[PDB]
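The chain below stands alone, shown as structure tokens; this is the form deposited in one PDB entry.
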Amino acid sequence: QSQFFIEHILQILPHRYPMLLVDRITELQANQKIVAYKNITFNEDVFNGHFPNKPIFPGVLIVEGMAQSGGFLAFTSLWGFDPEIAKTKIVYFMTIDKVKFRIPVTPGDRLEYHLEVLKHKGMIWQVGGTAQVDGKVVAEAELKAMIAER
């Protein structure tokens, strides 16, 4: 497909509350790129501690959302939307590089992940891109993952 909602995302990723950080897929081009996003609301538990009276979505969780997006891209590229096969795979994330945070993310923001395949050799996938809020780059990162059996 091209558009995947939360119910579809749930069938592909093993992630669940409170670590499923991708609400909807707006664009998906097999083996090339994925545009998705996660809404940022105050009503999230992480905001209880990050930080009191100063709600700021954790930079490491922006990268996690990006990794998740990359993982969905990789998986669908190999087997498409296949819930059955999804249950038998795992995407190990081996490395993270060139991460830069330019603007803080906060409640009310629509955190949009933009990832593209940088390299794919065998079970290894290298993805990179940015996270954006209303058109502006809020962060960037590269990630390398390996695909294996669960």
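Just so we're on the same page, rigid core means the largest C-alpha set that superposes within 1.5 Å between forms. Residue numbers count along the first chain shown, from 1. Compared with the form deposited in another entry:
Superposing the two forms on their core leaves just one of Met123, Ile85, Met94, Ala30 with a Cα displacement of at least 2 Å between the two forms, namely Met123.
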Contents of the next structure:
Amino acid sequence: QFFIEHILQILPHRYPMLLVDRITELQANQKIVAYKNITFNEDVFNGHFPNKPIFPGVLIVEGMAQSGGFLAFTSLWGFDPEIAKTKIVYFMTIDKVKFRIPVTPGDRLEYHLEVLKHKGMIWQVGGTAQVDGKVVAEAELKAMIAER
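Output the structure of the form deposited in another entry; the preceding block shows the form deposited in one PDB entry.
What follows is just the one chain, with no partners and no other molecules.
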């Protein structure tokens, strides 16, 4: 397992845009299973929405893109914080996303992504976000790693 501290050593994202808390499964060039805890104590809930906290669907996707990003980094150079500290990640395409169940405080948002296709710095992954066994969202995306 990779914990927050390791996640920090690979992903360029920081607060309040680092939406992955832990990595539970990793299989180079194949897939990755990870998650982020959802708590009321997040600033995003002050406006989405007042008196009715609902984790933004677009942030679920960002969390999936980030999980895929970690798969890309590690699959490319392994766990190398040195190289990681010079790159960043750009979103290229998002497609076929569907939300089925709203994610709320108290939820364990689990990301399940598999590599669809990749070449060089460009990676295309797809999968689902699950809560307690159920699919709350599915999506496909292509992200690109680049030098800062």
